[PDB]
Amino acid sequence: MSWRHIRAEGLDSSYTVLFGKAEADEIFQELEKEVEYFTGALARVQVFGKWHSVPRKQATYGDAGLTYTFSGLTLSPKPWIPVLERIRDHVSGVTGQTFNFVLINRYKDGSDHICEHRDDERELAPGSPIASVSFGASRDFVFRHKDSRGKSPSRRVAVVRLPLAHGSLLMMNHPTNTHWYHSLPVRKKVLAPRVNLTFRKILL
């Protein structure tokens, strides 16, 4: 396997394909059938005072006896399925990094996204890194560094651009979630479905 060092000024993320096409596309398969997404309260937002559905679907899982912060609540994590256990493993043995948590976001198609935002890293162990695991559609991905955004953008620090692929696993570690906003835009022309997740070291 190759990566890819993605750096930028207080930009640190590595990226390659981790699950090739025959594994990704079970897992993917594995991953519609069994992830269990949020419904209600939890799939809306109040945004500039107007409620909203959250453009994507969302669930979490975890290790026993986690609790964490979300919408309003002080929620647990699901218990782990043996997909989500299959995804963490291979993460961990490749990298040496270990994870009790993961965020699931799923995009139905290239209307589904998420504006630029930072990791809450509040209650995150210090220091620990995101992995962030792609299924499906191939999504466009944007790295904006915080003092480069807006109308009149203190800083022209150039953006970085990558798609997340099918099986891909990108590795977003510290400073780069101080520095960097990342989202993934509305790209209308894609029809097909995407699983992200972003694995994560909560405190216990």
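Numbering follows the first chain given and starts at 1. Basically, rigid core = biggest C-alpha set you can superpose within 1.5 Å across the two forms. What changes on going to the form deposited in another entry:
- Compared between these two forms on the core, the listed residues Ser138, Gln58, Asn173, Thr67 keep their C-alpha shifts below 2 Å, save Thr67.
- Once both forms are fitted on their core, a CA shift of 2 Å or more is seen for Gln46 between these two forms.
- Superposed on the core, the two forms differ at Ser76: its CA moves 2 Å or more between these two forms.
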The other form holds:
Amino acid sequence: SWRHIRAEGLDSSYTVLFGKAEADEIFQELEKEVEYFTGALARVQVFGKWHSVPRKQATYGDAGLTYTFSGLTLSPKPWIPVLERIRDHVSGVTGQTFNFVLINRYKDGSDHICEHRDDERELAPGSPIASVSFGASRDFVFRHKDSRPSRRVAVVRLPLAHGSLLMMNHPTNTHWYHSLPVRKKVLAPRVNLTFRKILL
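So the form deposited in one PDB entry is up there; where is the form deposited in another entry?
A lone chain is what you will see next.
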């Protein structure tokens, strides 16, 4: 059972992959195993200013690949068992293959990500992005680029739950921005995995 998220230029799908017990166990393993970037590899350039990201970021994937956004180039660490497990299961459910994962960890509600598109050149054309979430439920927001205005297109708000999958299909990242806004009342951490296909 998928919840289909559809608006003008919006093709996305939402389902729960794992029940609480399995998702807790996976979350616990991710906390133990995932190594996040620090220092120089945790700073981005936006509107002429360099900033430390208000979260932690990690990349894992096939060797030779890189991911660049906002003046920050992230190189992938080799795959680890917990990530291959999540990847293989997602690939089974969707029929899609992934060679890269960007991991975002929001320690609480003050950690967030500003709105953006996954529009980078090293992303394979038309390829989906698989967004898997563990830990605290957080509100995810889809916003149309012509509404931020020429178009009065309504915003799409959606909670991403523990053990859930959000499939972001083409042309979502062409027309729609997304963000995880600050939620002050959230005190627990959240780990999000966006599986991607990267051009060699």
